[PDB]
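Protein chains: 4
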Amino acid sequence: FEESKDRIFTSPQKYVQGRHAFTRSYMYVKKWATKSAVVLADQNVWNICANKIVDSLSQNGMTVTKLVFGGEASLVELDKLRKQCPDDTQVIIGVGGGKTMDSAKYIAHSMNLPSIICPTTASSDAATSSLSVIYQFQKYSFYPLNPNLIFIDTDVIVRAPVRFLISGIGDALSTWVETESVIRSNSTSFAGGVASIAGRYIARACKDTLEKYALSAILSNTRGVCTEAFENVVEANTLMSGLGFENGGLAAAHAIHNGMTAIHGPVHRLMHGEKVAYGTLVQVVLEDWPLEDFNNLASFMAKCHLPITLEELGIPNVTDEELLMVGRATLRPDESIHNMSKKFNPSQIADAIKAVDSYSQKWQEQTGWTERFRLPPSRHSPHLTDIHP
Amino acid sequence: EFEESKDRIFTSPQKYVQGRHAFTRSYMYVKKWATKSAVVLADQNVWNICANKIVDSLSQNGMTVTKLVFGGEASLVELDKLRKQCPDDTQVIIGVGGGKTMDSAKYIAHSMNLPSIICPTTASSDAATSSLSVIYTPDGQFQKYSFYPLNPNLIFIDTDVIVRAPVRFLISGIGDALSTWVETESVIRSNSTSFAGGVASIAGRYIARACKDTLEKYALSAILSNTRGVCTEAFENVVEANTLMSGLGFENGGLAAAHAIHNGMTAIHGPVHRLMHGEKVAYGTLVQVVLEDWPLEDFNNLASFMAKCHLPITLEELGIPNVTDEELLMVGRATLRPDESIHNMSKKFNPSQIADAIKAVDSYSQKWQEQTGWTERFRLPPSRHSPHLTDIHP
Amino acid sequence: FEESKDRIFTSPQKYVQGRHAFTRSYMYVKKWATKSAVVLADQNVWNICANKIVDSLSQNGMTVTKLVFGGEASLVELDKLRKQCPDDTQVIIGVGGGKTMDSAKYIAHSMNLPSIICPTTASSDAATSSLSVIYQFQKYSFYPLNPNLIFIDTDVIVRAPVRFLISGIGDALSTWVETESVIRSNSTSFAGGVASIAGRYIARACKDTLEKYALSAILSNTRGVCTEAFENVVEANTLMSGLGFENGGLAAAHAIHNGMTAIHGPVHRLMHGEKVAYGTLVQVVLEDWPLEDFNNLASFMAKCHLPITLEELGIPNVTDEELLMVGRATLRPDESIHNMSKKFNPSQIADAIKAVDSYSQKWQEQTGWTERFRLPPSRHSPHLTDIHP
Amino acid sequence: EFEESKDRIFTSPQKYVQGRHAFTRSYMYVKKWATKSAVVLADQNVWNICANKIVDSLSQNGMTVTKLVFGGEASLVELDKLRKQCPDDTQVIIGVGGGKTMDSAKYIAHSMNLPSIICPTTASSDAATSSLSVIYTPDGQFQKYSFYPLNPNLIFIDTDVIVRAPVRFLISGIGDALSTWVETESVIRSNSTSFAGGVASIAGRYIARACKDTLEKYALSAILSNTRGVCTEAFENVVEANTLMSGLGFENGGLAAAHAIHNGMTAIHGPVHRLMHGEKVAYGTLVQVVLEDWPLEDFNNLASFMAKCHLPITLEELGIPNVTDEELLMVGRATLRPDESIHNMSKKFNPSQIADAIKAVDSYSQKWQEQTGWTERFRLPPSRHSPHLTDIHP
Ligand SMILES: [K+]
Ligand SMILES: [K+]
Ligand SMILES: [K+]
Ligand SMILES: [K+]
Ligand SMILES: [Zn+2]
Ligand SMILES: [Zn+2]
Ligand SMILES: [Zn+2]
Ligand SMILES: [Zn+2]
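Protein chains in written order, with the entry's author numbering: chain A, 58 to 192, 197 to 450; chain B, 57 to 450; chain A', 58 to 192, 197 to 450; chain B', 57 to 450. A prime marks a further copy of an entry chain.
It should be emphasised that the hints constitute simulated quantities derived from the structure, not laboratory data.
Using N, Cα and C, we set each Cβ at its ideal position, and we do this for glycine too.
Among the hints, erroneous ones may be present.
To give an idea of the interface, some chain A' residues facing chain B' are shown, with a C-beta separation under 10 Å as derived from the structure [to be verified]:
1. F58
2. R64
3. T67
4. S68
5. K71
6. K87
7. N207
8. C267
9. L300
10. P351
11. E353
12. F355
13. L358
14. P377
To be clear about the criterion: a stretch of chain B' counts as covered by chain B if any three or more of its residues have a C-beta under 8 Å from a C-beta of chain B, and this derived list gives those stretches [claimed, not checked]:
15. 243-251
16. 272-282
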């Protein structure tokens with residue numbers, strides 16, 4: 058990470074989103090490579106959609122090196138993949154989830170080549186970012206430039222379990238809250254300098270888009286239909302949230318998310334956005350919003366089927382000792398919570414996590430809200446039941 | 057060649073860096089694309105003013121810098137001559153200065169398949185961040201828009217250089233920035249293909265809004281700041297609005313009647329060659345307002361804002377009070393050429409409608425001046441590069 | 058009490074509130090004493106938290122005279138305590154409830170020494186005041206100056222049964238209503254002169270703070286977490302309410318509260334704020350607020366678990382004769398109700414007490430509100446059940 | 057020495073008493089701290105004007121009063137000389153007059169471990185109720201803030217004395233009061249330690265709001281009242297806002313850029329010594345508005361209010377139209393000293409930014425004057441204690 062006093066805005070060169078977009082891969086990929094490309098994906102993604110990209114490139118005269126991602130983004134495994142990339146490789150194309158995407162960025166960076174990131178679900182805003190989580198969270202690694210192209214095929218996205226999209230909404234929800242806290246604290250942005258106004262408006266676009274279309278996108282996803290509303294949220298979850306957080310910044314929400322892993326146990330079953338959503342509520346308690354404002358956000362998360370209580374998160378019996386541990390992890394020197402002008406100690410973090418739980422339980426009681434998020438068997442498991450009405 | 061798609065597309069430079077004395081921190085950013093060799097292109101004026109600050113920074117950090125002087129003529133012949141002066145091991149092309157220099161840099165970089173770094177020395181238009189290049193005959197007449205497959209890699213702005221430039225330049229940039237929201241909203245609401253090549257993204261629409269909002273809050277304070285030579289945050293906000301916001305806002309949205317009218321106006325010639333891009337675009341934006349049929353009160357709100365910023369809102373101020381109906385019909389025909397951006401609008405027009413709207417703006421503005429007793433007037437300077445004839449500072 | 062035509066604002070010299078503040082006693086106490094101090098508390102408070110203050114002072118070279126409050130704030134008992142205070146005592150520190158606090162103020166005043174008041178619960182706004190109730198209520202006694210320091214350790218406050226905090230909210234709720242009535246009647250303030258604008262805004266701060274944070278503070282208290290919301294209400298219940306009422310004034314609400322004691326019976330089981338809350342509703346009837354406005358306040362009290370009916374107060378069968386007695390007591394010559402420009406007779410007071418009961422019952426019916434305050438076994442007893450959702 | 061804590065702290069005088077002819081009721085309040093012996097300190101001017109009214113009241117009630125004359129010089133040498141003139145059985149120190157007298161009283165009282173009674177004779181600043189004492193070299197240059205462990209015990213104001221003073225004094229107090237809400241909001245929103253030593257209380261924030269609201273409603277009516285010599289409730293409201301509200305509002309909140317800028321300005325010297333505290337603070341508040349990046353319209357709303365109150369909003373009015381860039385950089389450096397309150401702001405600055413903002417305020421105000429045709433102007437009197445050069449009464 059390099060800090061500066063200049064006003065800085067960062068972004069991928071291109072963001073392309075559309076139904077069946079993979080069948081049009083070449084018209085976009087050709088901007089960086091017309092001769093040779095590497096396509097990296099785990100076997101599951103190869104079985105399901107990666108060949109659509111390969112077919113497009115091959116039909117247009119390109120040589121495509123198809124690599125199978127082992128599933129573990131370790132330095133040893135990454136080095137082995139790089140060694141399988143032909144000398145004349147012009148671009149690294151990653152297709153799949155976060156580990157695959159981060160692996161593509163790493164290999165592309167190592168070979169001084171452009172990268173094309175193709176998410177297969179809209180579960181987080183990591184796609185467009187120049188950073189890669191280094192892990197228990199340790200720190201954030203910042204590449205000097207953002208991936209060159211974020212390529213999204215919404216036919217692939219709409220076919221995934223709606224739990225993935227919801228996790229993505231959870232991650233997108235934290236963007237406005239965290240970025241506003243960073244900007245209003247006059248802290249350096251995740252772009253390396255003073256926050257731009259443009260970035261603030263993109264974070265706003267994310268907020269507004271979710272408010273108007275989050276539920277219709279969810280219903281659309283569940284029904285398997287690629288409505289414009291669904292496409293709007295895909296953009297919010299990926300482009301808007303991505304640019305909004307990197308050009309703005311992370312704060313308490315994500316630090317708390319990283320602190321949660323310290324608990325382990327059933328926590329490993331939660332998706333990123335599910336934890337980030339709860340963490341956002343925790344930041345709201347730390348920011349001391351009036352209870353009515355907390356309820357407005359908690360109710361929205363509830364309507365989107367996001368967990369807002371310790372019970373739904375699957376850790377209703379977490380101990381005070383465990384929470385203090387989360388608090389200490391949350392406050393590590395390099396965590397994002399330090400971007401906030403307000404400062405905290407571990408007990409305050411622990412207290413806020415419990416307060417969210419009580420506030421949410423009260424809201425459920427007051428409104429008679431009966432819907433509840435039930436933690437699935439594993440992190441990649443679909444919802445236990447169909448949330449469709 | 058421009059290529060349209062059915063996908064939702066957002067396009068942008070990889071980095072946008074803005075700060076006072078930023079050129080003294082050039083290597084810090086340039087190193088992302090080149091650590092060994094770079095070409096710095098600028099006309100003699102810019103070399104005297106600030107280009108050496110960039111060179112010094114890169115040199116003090118172990119880089120070899122090829123210093124080229126833009127001949128002021130952005131001709132393919134001159135551009136190819138420049139390209140031949142670029143070492144084969146050149147890693148990046150750095151253009152420092154105005155539109156001609158910036159476009160020459162993009163051309164050369166594209167021709168060499170190299171990344172580009174654009175450093176505007178004034179904030180007079182939003183061309184810096186775009187993948188476009190305005191092509192015009194040696195007479196000045198607009199021909200068409202050329203599109204590059206990717207945007208410049210880095211837009212690097214030193215606000216100490218910007219604040220030292222004549223405020224007429226900043227105002228021209230405000231005029232250009234003012235049309236962004238109007239045109240992009242028109243393209244989006246007409247459901248036309250964006251200048252990014254696909255369906256307009258929501259993000260681009262919000263960046264256009266950011267532009268509009270920032271100008272409303274800070275345009276006049278930035279103008280006063282520039283005039284007084286002080287680099288306030290307000291001034292910096294407008295530099296961002298004029299460059300980053302207007303740039304991403306228009307390319308990810310689109311151009312419409314305003315710019316098409318600007319291109320048609322150039323066909324008038326005469327004193328019109330002394331007008332800066334934004335001065336013409338501002339008038340063209342009012343013309344689009346007439347074509348969009350906004351109620352008069354709404355036209356007045358925009359015209360009054362332009363007047364406060366010292367932008368011309370009448371034919372008299374533009375320097376062509378005696379323009380003939382036949383000349384205006386000529387502008388209308390030029391405005392409606394097949395390749396013009398006005399065709400992105402769902403509402404369609406004929407030459408006489410363009411000509412009528414140009415005159416309507418003049419009458420509307422004159423009425424507003426009379427009703428409000430507004431006495432301030434834009435007076436056209438000797439050349440398009442000259443400062444105001446008088447100091448606009450209160 | 059001394060009346061004046063000047064505009065007067067009165068207040069303690071310092072108000073300090075924080076979690077574990079008692080462990081930092083010396084840094085604050087030293088402003089008045091660095092050699093010798095008396096710490097007065099009943100045995101229960103000594104067992105639970107008073108030694109934290111003693112330890113801080115002793116670790117900083119001070120001699121601390123530890124006195125045990127007998128539990129009865131009688132002149133005979135107070136004289137005996139004064140006689141136990143060393144000749145070189147520099148300050149009197151009272152730790153505990155109202156009787157202990159009033160005893161400290163009395164002894165400090167008698168010895169011409171500064172006083173430090175340390176409430177162990179946030180149940181009333183008496184802490185910062187220069188007055189002490191003289192009792197059946199008889200009259201208000203006004204000390205020439207306010208206690209010098211109000212010292213609050215929120216770790217102690219958050220550990221107390223939430224019923225105490227709620228009683229405090231009940232007392233704080235009357236501040237804006239009563240002070241506004243005093244100011245708008247152009248009556249002399251409880252500070253001795255024309256009401257200041259500053260005092261009016263502090264009463265407003267109290268009102269606004271409760272509106273935004275009362276319920277979250279309650280939930281926090283119940284969960285045992287010291288959130289900023291909880292701290293905000295502690296400030297509202299103590300500092301804001303305290304300054305807001307003394308610089309403004311008392312009116313019908315508190316006079317009615319004093320009138321209630323005349324009933325005796327189960328009334329002795331109610332906490333101050335619980336009676337004051339009902340009394341505030343009674344003042345609303347006397348002020349003739351439209352029913353909708355009455356409902357807005359009654360609903361708020363209900364959400365905070367405050368009693369709004371005669372049934373909840375534990376006197377559903379109070380007779381008309383008994384109510385007339387309350388009315389006569391309420392209207393005694395030195396009562397605060399006389400500060401109101403509108404004048405009343407006993408039957409009007411009785412009628413208003415019954416009207417509140419009917420209005421509240423109608424609101425409960427209309428809204429289907431089922432929550433109810435159940436009068437505990439004694440005044441210091443916790444709620445019969447857990448109000449946590 | 058100032059001590060910071062993690063606790064939420066509110067600090068205040070024990071009593072604040074304000075009323076017309078109040079000094080004739082001195083014993084009634086003074087008796088709370090002393091019934092046998094008291095020291096009354098005031099310069100000769102104040103003794104002639106009202107100090108004897110206080111003495112008479114205490115005497116007529118059996119008190120022994122030590123009458124001391126402030127030599128006008130608030131030096132430690134002179135202060136210690138005064139302390140030596142105070143009887144050992146002195147129960148309280150009463151300071152009557154302006155800042156120097158009030159600070160001398162607080163110092164002596166603190167030195168003798170005795171309560172203090174502060175009686176301002178003008179409502180020109182909010183220093184009366186504070187636990188602070190501005191320390192400045194004999195040249196006038198600000199050095200640092202000294203903090204007392206407790207606030208003065210009683211602030212006693214006789215509004216008949218206040219209404220008889222030149223209205224320039226009240227206006228200076230309005231200027232000082234205007235910065236309270238701006239600075240305190242900045243300290244609170246930056247989550248910085250308050251001037252009370254801990255986390256800002258909600259109560260202090262509302263008292264700052266009370267100040268802002270009262271000035272908005274009654275500042276001009278109080279000014280007209282003072283000018284006409286009538287003690288209306290409106291006038292009394294502003295005396296409370298200038299003294300109690302502004303006082304508790306700033307100390308329980310905090311100082312920020314405005315006052316730091318005021319301290320930096322004093323370093324300019326020249327005619328700047330003729331400006332009253334509030335006149336400088338008002339300009340400094342506008343500078344903070346520029347540093348906070350408020351949209352121009354919001355700056356205009358505050359500047360227009362200051363102009364209506366007859367406060368200087370331009371360098372011309374301040375009496376330093378020709379101030380040099382180097383002098384302004386000097387102010388910037390002084391403003392940013394380690395001990396300055398500007399560091400409470402989350403946004404950080406360098407000297408050139410301070411200098412730029414000072415000039416920006418001047419240009420913004422000049423533009424507002426032009427746009428609105430505002431002709432009223434503050435004209436700097438011969439000394440900081442002189443009344444206006446002309447009668448501002450309509
Ligand atoms: K996010
Ligand atoms: K534009
Ligand atoms: K009360
Ligand atoms: K102030
Ligand atoms: Zn995330
Ligand atoms: Zn343009
Ligand atoms: Zn009470
Ligand atoms: Zn001041």
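Each hint tested on the structure:
Because the beta carbon of A'/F58 sits about 13 Å from the nearest beta carbon in chain B', more than 10 Å, this interface hint is broken. Annotation: interface hint on A'/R64 holds; nearest CB of chain B' at approximately 5 Å, less than 10 Å. The interface hint given for A'/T67 is met, as the beta carbon of that residue sits about 5 Å from the closest beta carbon of chain B', less than 10 Å. Look at A'/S68: its Cβ gets to within about 4 Å of chain B', closer than 10 Å, so that hint holds up.
The criterion of a C-beta within 10 Å of any C-beta in chain B' is met by A'/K71, whose closest approach is roughly 6 Å, and the hint holds. Proximity of A'/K87 to chain B' holds as hinted, the smallest CB-CB distance being about 8 Å (cut-off 10 Å). Hint status for A'/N207: holds, given a least beta-carbon distance of 6 Å to chain B', under 10 Å. The beta carbon of A'/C267 comes within 9 Å of a beta carbon in chain B', closer than 10 Å, and the hint placing it at the interface holds.
Nearest Cβ of chain B' to the Cβ of A'/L300: about 6 Å, under the 10 Å cut. The hint holds. Taking 10 Å as the C-beta cut-off, the interface hint given for A'/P351 is violated, the closest approach to chain B' being about 27 Å. Interface hint status for A'/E353: violated, as the beta-carbon distance to the closest one in chain B' is roughly 27 Å, over 10 Å. Interface hint status for A'/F355: violated, as the beta-carbon distance to the closest one in chain B' is roughly 26 Å, over 10 Å.
The interface hint given for A'/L358 is broken, as the beta carbon of that residue sits about 21 Å from the closest beta carbon of chain B', more than 10 Å. The interface hint given for A'/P377 is broken, as the beta carbon of that residue sits about 38 Å from the closest beta carbon of chain B', more than 10 Å. As drawn, the segment 243-251 of chain B' meets chain B at 0 residues by the rule of a beta-carbon pair under 8 Å; below three, the given contact is violated. Residues of the segment 272-282 of chain B' lying with their CB closer than 8 Å to a CB of chain B number 0, which falls below the three-residue condition for coverage.
The structure shown violates the earlier hints numbered 1, 10, 11, 12, 13, 14, 15, 16.
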